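2 protein chains.
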Amino acid sequence: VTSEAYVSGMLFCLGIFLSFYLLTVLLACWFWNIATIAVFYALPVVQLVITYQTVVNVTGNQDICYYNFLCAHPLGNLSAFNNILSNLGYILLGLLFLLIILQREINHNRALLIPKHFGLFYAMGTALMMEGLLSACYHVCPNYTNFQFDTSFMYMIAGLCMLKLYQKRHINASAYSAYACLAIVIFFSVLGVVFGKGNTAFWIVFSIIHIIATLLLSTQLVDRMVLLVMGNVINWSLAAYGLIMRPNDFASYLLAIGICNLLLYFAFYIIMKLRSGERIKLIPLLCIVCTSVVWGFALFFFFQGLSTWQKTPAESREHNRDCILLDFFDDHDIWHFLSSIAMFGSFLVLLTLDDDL
Amino acid sequence: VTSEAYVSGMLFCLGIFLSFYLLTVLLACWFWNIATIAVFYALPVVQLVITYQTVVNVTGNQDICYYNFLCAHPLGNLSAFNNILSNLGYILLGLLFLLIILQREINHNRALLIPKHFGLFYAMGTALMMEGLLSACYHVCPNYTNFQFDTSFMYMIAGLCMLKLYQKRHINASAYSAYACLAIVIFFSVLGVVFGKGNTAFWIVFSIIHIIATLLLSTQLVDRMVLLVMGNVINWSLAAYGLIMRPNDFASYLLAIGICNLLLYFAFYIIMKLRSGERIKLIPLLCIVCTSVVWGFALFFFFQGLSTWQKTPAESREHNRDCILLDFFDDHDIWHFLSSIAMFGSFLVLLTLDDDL
Numbered sequence: 288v289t290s291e292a293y294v295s296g297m298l299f300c301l302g303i304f305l306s307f308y309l310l311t312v313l314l315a316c317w450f451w452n453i454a455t456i457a458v459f460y461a462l463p464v465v466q467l468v469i470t471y472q473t474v475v476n477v478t479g480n481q482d483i484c485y486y487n488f489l490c491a492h493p494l495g496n497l498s499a500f501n502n503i504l505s506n507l508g509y510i511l512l513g514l515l516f517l518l519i520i521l522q523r524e525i526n527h528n529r530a531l532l543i544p545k546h547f548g549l550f551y552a553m554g555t556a557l558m559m560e561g562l563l564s565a566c567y568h569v570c571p572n573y574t575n576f577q578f579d580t581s582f583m584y585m586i587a588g589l590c591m592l593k594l595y596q597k598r599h602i603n604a605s606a607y608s609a610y611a612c613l614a615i616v617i618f619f620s621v622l623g624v625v626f627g628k629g630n631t632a633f634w635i636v637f638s639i640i641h642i643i644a645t646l647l648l649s650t651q652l686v687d688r689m690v691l692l693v694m695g696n697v698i699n700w701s702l703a704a705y706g707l708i709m710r711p712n713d714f715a716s717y718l719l720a721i722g723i724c725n726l727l728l729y730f731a732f733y734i735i736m737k738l739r740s741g742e743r744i745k746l747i748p749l750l751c752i753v754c755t756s757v758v759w760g761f762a763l764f765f766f767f768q769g770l771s772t773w774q775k776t777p778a779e780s781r782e783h784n785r786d787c788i789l790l791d792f793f794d795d796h797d798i799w800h801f802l803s804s805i806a807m808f809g810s811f812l813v814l815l816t817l818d819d820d821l
Numbered sequence: 288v289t290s291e292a293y294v295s296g297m298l299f300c301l302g303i304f305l306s307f308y309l310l311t312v313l314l315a316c317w450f451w452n453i454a455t456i457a458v459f460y461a462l463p464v465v466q467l468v469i470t471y472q473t474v475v476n477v478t479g480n481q482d483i484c485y486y487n488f489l490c491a492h493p494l495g496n497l498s499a500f501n502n503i504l505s506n507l508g509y510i511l512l513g514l515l516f517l518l519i520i521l522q523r524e525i526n527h528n529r530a531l532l543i544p545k546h547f548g549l550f551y552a553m554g555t556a557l558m559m560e561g562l563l564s565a566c567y568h569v570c571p572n573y574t575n576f577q578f579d580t581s582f583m584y585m586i587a588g589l590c591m592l593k594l595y596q597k598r599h602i603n604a605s606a607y608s609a610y611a612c613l614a615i616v617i618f619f620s621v622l623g624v625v626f627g628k629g630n631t632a633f634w635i636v637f638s639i640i641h642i643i644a645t646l647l648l649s650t651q652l686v687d688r689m690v691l692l693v694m695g696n697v698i699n700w701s702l703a704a705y706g707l708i709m710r711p712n713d714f715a716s717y718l719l720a721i722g723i724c725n726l727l728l729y730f731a732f733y734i735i736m737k738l739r740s741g742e743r744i745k746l747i748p749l750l751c752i753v754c755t756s757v758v759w760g761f762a763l764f765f766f767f768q769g770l771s772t773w774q775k776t777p778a779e780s781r782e783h784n785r786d787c788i789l790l791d792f793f794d795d796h797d798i799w800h801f802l803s804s805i806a807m808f809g810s811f812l813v814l815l816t817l818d819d820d821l
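Line order of the protein sequences matches chains A and B.
If you count by UniProt numbering, then the first sequence holds residues 288 to 317, 450 to 532, 543 to 599, 602 to 652, 686 to 821, one letter each, in order.
If you count by UniProt numbering, then the second sequence holds residues 288 to 317, 450 to 532, 543 to 599, 602 to 652, 686 to 821, one letter each, in order.
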């Protein structure tokens, strides 16, 4: 491809994210526990990517990294520059969550001169920026040994989102455990997935754990009892689909479980708000819809399965598909563009949810 | 070598460590923060070792793992079974630290029916057992990408040892930071060591950091002021030796720094105890000598440099040396046998230090 496509791809990416900065300025005119934990986690992964990428460059063997070889545009020593550039949204849009919460915080403090706790919002903010660093470093050379943290970080942010929801009636102690508990889950998944080919035991044990975990989570949290029963029933239905069909790896299923439960959890809080006399303001109501519709495609684009690290590298090249957007970006890049906006709307639902009170 | 040497090596290893169990029975007749932190750290390292070891077995290329090929005895699919078996002391002798502290704890509770806090001793106990798992897993296939945690864990235990010393006048909050701070130091070392060949900047920046860190540590902690000045002077002398000579990698130096400072820190507490009217009991006085003499050889055996991951694998094979002990164990194995006992005596110095009061 020509260098113009590079310029068009850069201008398109910057144009989308700078439009949110312009919109927030027009509207205005009208802690480190999670950061330290994955700094422990990401850095050993960072070295492996650099070491493996150098091997591919000098050895000539292209069976190491699980790229999208039909559409992967290089620059310098990098083999897929578009896949690294696709995460630019996490940095710019994730940072934009800091100014909006900080602008609220300074307005709150000036005015003083629903519980108010802006600390956890900053934790989600630096969590989204750590996408733009680690998820960029992962894509330099994707591999099984280096896979998990590209999508495991999504769960950490997803869990934190859940924590503030639980903090509706009330944070620091549970945040460390949530990052710590999810770190354990990542490796417990890796241990079972070592024998992933024909892992019938994991197909059953995970379902039993899933049923037990949902009940305990429901128990810890008439309308509530009936509502959690329905959530358990559909959760068992999704697990039954995973146990019966088994069309993708467990890794695809875990991300599928988290987003649907989050959307269910997002929806459920509205049910209490809708059943009660409280009326949802226009902004959260649009935001809930706007967040949900964007999460719709993001799930659709994730289930495409461009590359598979379950099988041999020769078999994974079967699922490569050419660039679709501006002849520079592929389906996984569209996932980054849409998972960034979907998560941005996910926060803005939380920030503006209880403003009516 | 014949299978007898396997039997003699197993009986020798078990005979040494079971002698401590017999001795403790004869004498008697006469939390999870650190555990969770490196479970996050060790497991990604565990996968890399298994993945790399399988590659060596099937590819035939022996340039991946930095073994001691002159003396490395296989069993099953494992390439150096003696190096894995050498860590057996950490499990048996490290576990022995749990019974002695638990036997004291149950005696303390029965009698009740110097501050008493047995929790941190349990943390050191499970730290020593985590040597027997991770340091065993590391030696299955040693490599640069997997190097750090084999000796980085020593620092964590070393730091905890320091914490109880600081707890003389008084724990949980600092333990997490100490493990967290050391996790950062590991990767900050790895980042600089990427350009280790001719890293003149790291040769100077580390010395300045070393000088600043010692002063701040001294400041946080007439006799005290003069004593810390002498400790700083000799610490600057060791750094000056590292900056001038540069005969080994930084990795060898960092372990050298920790043990000497620990022994200095061990010695210094005696100076306050000796200057004061308190008289050291016979057991700690022998234990201080017995711990120190064993740490003497352990430093000597560590500086041998059997394998070097700084250079190419062809150059590292130059420093291989045959088995010395029972035709089964090499110098690094003797390090494991002596670093286990030296650390066991290191704890027993702490446990029995303040019994006279």
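It is possible that some hints are incorrect.
Since the list gives no way to pick out one identical chain from another, each pair is judged satisfied if it fits inside one copy or across any two copies.
[As the list claims (entries may be wrong)] Here are the simulated SDA-like pairs of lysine to any residue, each with C-alpha atoms no more than 20 Å apart in a straight line:
#, residue 1, residue 2
1, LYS628, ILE469
2, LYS775, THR580
3, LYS597, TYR551
4, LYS628, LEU518
5, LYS775, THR478
6, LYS597, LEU789
7, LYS628, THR473
8, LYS775, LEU763
9, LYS737, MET694
10, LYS775, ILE469
11, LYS775, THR473
12, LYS628, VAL474
Hints are computed from structural coordinates only; laboratory data are not their basis.
The hints, checked one at a time:
In this assembly of identical chains, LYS628 and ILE469 lie within 20 Å of each other by CA distance solely across copies; the values are 17 Å between and 29 Å within a copy. Taking CA atoms no more than 20 Å apart as the test, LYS775 paired with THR580 passes inside one copy only; the shortest distance there is 19 Å, against 35 Å between copies. In the homo-oligomer, the alpha carbons of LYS597 and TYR551 lie at most 20 Å apart inside one protomer (17 Å), although the nearest pairing across protomers, at 38 Å, exceeds that limit. Proximity of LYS628 and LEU518 under a CA criterion of 20 Å is satisfied in neither setting, with 46 Å inside one chain copy and 43 Å between copies.
In the homo-oligomer, the alpha carbons of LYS775 and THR478 lie at most 20 Å apart only across protomers (18 Å), although the nearest pairing inside one protomer, at 22 Å, exceeds that limit. For the identical chains of this complex, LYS597 and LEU789 are neighbours neither inside a copy (41 Å) nor across copies (65 Å), given an alpha-carbon limit of 20 Å. Taking CA atoms no more than 20 Å apart as the test, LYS628 paired with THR473 passes between copies only; the shortest distance there is 17 Å, against 30 Å inside one copy. Taking the closest pair of Cα atoms, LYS775 and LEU763 never come within 20 Å of each other, the shortest separation being 23 Å inside a single copy and 46 Å across copies.
In this assembly of identical chains, the alpha carbons of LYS737 and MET694 lie at most 20 Å apart only when taken from the same copy (18 Å versus 68 Å across copies). When the C-alpha separation of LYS775 and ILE469 is checked against a cutoff of 20 Å, the pair qualifies only between copies, where the shortest distance is 18 Å, while the shortest distance within a copy is 23 Å. In this homomeric assembly, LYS775 and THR473 come within 20 Å of each other (Cα to Cα) only across copies, at 16 Å, whereas the closest approach inside a single copy is 23 Å. Taking the shortest Cα distances, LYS628 and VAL474 sit within 20 Å of each other only across copies (19 Å), while inside one copy they are farther apart (28 Å).
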